[PDB]
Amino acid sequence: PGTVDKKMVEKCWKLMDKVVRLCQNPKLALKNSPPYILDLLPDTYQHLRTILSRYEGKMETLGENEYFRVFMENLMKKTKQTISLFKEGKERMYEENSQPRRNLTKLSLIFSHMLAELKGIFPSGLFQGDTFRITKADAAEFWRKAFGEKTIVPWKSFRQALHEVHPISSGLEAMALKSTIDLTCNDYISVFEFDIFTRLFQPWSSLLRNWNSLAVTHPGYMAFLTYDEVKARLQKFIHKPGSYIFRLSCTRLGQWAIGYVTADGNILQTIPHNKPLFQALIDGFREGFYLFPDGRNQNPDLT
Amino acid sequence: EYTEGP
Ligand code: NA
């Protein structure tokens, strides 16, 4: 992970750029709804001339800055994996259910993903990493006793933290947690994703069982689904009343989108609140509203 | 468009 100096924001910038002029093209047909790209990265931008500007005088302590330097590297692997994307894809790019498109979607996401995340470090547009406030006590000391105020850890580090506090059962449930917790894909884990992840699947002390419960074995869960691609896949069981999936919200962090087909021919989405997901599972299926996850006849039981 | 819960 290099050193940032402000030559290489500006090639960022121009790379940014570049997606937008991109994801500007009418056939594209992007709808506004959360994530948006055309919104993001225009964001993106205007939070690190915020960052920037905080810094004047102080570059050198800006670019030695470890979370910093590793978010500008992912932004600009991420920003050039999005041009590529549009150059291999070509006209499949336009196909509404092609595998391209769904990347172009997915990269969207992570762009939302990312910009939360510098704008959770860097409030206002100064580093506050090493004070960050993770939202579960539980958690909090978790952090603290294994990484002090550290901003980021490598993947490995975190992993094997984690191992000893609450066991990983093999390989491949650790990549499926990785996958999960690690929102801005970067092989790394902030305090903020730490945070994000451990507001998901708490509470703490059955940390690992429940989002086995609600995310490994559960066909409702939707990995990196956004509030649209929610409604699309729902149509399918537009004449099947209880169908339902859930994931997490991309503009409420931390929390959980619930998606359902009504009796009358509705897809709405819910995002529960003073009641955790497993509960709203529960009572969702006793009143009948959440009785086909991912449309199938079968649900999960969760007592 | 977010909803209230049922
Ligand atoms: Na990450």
Second form
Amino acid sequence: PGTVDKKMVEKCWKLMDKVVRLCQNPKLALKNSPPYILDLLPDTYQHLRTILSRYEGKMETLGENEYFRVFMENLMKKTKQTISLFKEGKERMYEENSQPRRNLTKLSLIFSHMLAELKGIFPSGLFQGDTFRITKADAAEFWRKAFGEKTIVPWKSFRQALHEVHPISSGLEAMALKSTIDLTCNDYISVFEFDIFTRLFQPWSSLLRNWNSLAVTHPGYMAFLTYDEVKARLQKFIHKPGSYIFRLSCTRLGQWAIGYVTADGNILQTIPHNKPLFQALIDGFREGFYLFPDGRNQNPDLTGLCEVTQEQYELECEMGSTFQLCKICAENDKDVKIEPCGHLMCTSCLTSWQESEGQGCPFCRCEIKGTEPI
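For comparison with the form solved in complex with its partner chain, would you give the structure of this protein in the form solved without its partner chain?
For this one, just the chain is written down, with no partner chains and no other molecules.
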């Protein structure tokens, strides 16, 4: 990734301007709900101006900073990808539920994560990547031992280092993990992304089993939603007290929020504090609040996560080995992803479901907007 100079910054601002103008189109009728691309790109522009200001008469130093170089390459690639999406999408961009339009939401989330990361690494415009404080102590010790004060690490190197303490036992597991951690979708892991991941999937001692059981195999997991989208989803279960879902929030990375239907006709949400999510969900099940994930009658049993020992390493190795298998047949490897639910399976099981007249996704019955080969 090349040195950042005045010309490159100029080209990025023009590319951002084009994306903003494409997204102002009244026919898209974007609601200002997060991630709101019409605020994010102006806000990213503004924070870059703050950086450039702090580095006035020091552009040669800023322009060589590795994080900054990688960020500006990604900003240019992501804006070009968004412009390309409109060009190829044509009138489908105006269909609220088209895949092109859902792809715009995905890019908008990425722009949101990129701005959060930039603000975290350049608070007030000054590079502070090398003094970034990782929240969880074990995760912080891991990063320092493997990487020192580095702000970003190529995925290939991050994987090899993490594997030494938390085995990544299969290629498919690695791809799923990368999609979870690499928020900015650029094949680098920053200290900021690592901080987020290790807060979400604490405790460190069972990191990857926590991730699998919360983000892969749990029907209550909604990934990034707004609170209005959570309420909209649970309102369908307003007459089933104990129905619950849990989500990430693009405006507050590193935290979970659990929405649930009460016994009195209300929907509330709780942000768990000083408690891993799985313990929050065990407690809430026992207490009668979190009974029916996404309104389903069956709730996962997370107590196997209760207690890096040698035993943890072996449990994670086994989970990672089984990860690649399609869980409908338990025979073929996963090789297709359903959109928009994101569930993975083999194409044999998808076909069999469809040939039997089965509707929507074989796991969750969500309508299939498209599929993507793995």
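Numbering follows the first chain given and starts at 1. Superpose the two forms; the largest set of C-alphas matching within 1.5 Å is the rigid core.
- Only one candidate in 204, 127, 147, 227 has its Cα displaced by 2 Å or more between these two forms after core superposition: 227.
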